[PDB]
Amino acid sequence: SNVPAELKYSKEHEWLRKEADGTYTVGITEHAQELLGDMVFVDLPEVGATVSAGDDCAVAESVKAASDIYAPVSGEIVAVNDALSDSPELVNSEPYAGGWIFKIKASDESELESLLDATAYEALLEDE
């Protein structure tokens, strides 16, 4: 599967993209959406919520499965992708683009060290 070289990743099959203001945009990977199948619901976090790294904060549900989506870093949820409430299949068709799930302002920069680069995420995929 497609593993964009510029992104960061979690072992739970999330990606993170740093934006110009320093916030991160978070979604699930091409591999993740492929395994879940045809998406029917994305339960979004509350804007303004404070989360710790590893907290469950969204859910992706398909016709066959559902999975928790974890905060990859600690911080405040600053935006959510409201389009997924009516078009959850964007997660399937454009997991790195229109299928983004939420944006987070990180509270502890040190946590970024626990994130994977693209090479490590590819290796992880090759390791299932």
The other form holds:
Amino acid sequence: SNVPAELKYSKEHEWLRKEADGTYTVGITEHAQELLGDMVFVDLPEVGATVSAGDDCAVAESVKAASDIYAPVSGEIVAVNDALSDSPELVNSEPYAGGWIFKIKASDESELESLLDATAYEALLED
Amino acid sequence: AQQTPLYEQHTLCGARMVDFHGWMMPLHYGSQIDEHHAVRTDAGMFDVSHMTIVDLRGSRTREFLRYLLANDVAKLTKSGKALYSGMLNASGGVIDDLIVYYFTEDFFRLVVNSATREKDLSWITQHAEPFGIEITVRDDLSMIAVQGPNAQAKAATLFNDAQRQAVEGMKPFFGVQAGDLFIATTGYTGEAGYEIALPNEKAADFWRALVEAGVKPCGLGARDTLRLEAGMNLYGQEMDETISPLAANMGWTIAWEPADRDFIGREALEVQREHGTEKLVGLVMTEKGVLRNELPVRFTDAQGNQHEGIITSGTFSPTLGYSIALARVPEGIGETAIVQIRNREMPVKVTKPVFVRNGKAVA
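I've shown you the form deposited without its partner chain. Could you give me the structure of the form deposited with its partner chain bound?
Starting with the chain above, the whole complex follows.
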């Protein structure tokens, strides 16, 4: 499962897990972590920030480069993953689990239906 | 870019290939951090087959080298002994750094970097001619560097008995031919190990045996973080033809004595040393972030005047757990500086240009 079945996915190689409370957990895919390489720092957004999809709202720093992480959807940040401060490598080891970056309350329903399902993302990587 | 002879071996080991001066080389095999840890704590290995090995033979070889190079191969008095040296132009700038081995009075070997192969070979063949030296480019040979506290014991599992006796208790900076293996206690990491050169047609199998002996494949990413922690220069960054070796922490390699040995660039360098030069220092950024190549480095002297230098190499150090860099800076820098990253002035500590000795932070 380089592509877990039940997740939604974006163009910029992020994934979104709808949670019980209606919010989305967001992180970067196995593909995206592979291309980043080992993460040594992450700069996270403020809890409470409003973003529009495509805003650059976090930064993954590897040994090679800083790399902007973009908001997959529009909404308000409700949480960020504080474990990444001591364990940035989780983005590499658990990109769908401990490696989640932030959680968002989506504010645009048509954005959420443009997201790819597991099979469409698997196809995007197939190019 | 060419596909290197070990390509199938690298791909079986999970390499991510990148273009590296005309050769597709592994950037890493999964995790450059893991690969750095392997060399610091056990054993890792690097395909260095695109280094060029140059054999020099003839009665005037020593004399020639005592002229070509700024260290002095007269110091090599025991068979197999090697030294690190710069090779300078007439104006005292660095054309390359290299390793040279002495075998007999009339047989020496140079090893040079991939990036500067052609420039160095031209410089070497131009200057060797009047000495009547037989110059052999050994592109028939590949080479693997095995590095780390268990590197020698793991490699030596592949040696036959003759090979083990030839290198038993061999000190750092020796190289010895034993059968089809040339085994040298050199490296670019700050750890013990070997560099082992052997025929191209034997290299893939030897790599395979080394993986099986527990030696971790390691790529360029790790090669940079290990070398930079160890305070070792990379040509084109810490120095180039416009930079004096005295401004690149290569002062220790200039063999000034004996005074009557002229070598190319010595006159210019003597002048340079009397004017004084900038100096290569270490920088440590303990605050969050990564120092990057070519960033400005600044400090204000006691008088209130600002001076500016430059990062020559920046990286994240896995061993220290902070970013580190080598930087060329005006004489008179103190214990701290400031580096401009984006549009924020980040404070840094100024240290000696070495971060790690013996797997420990030179703290």
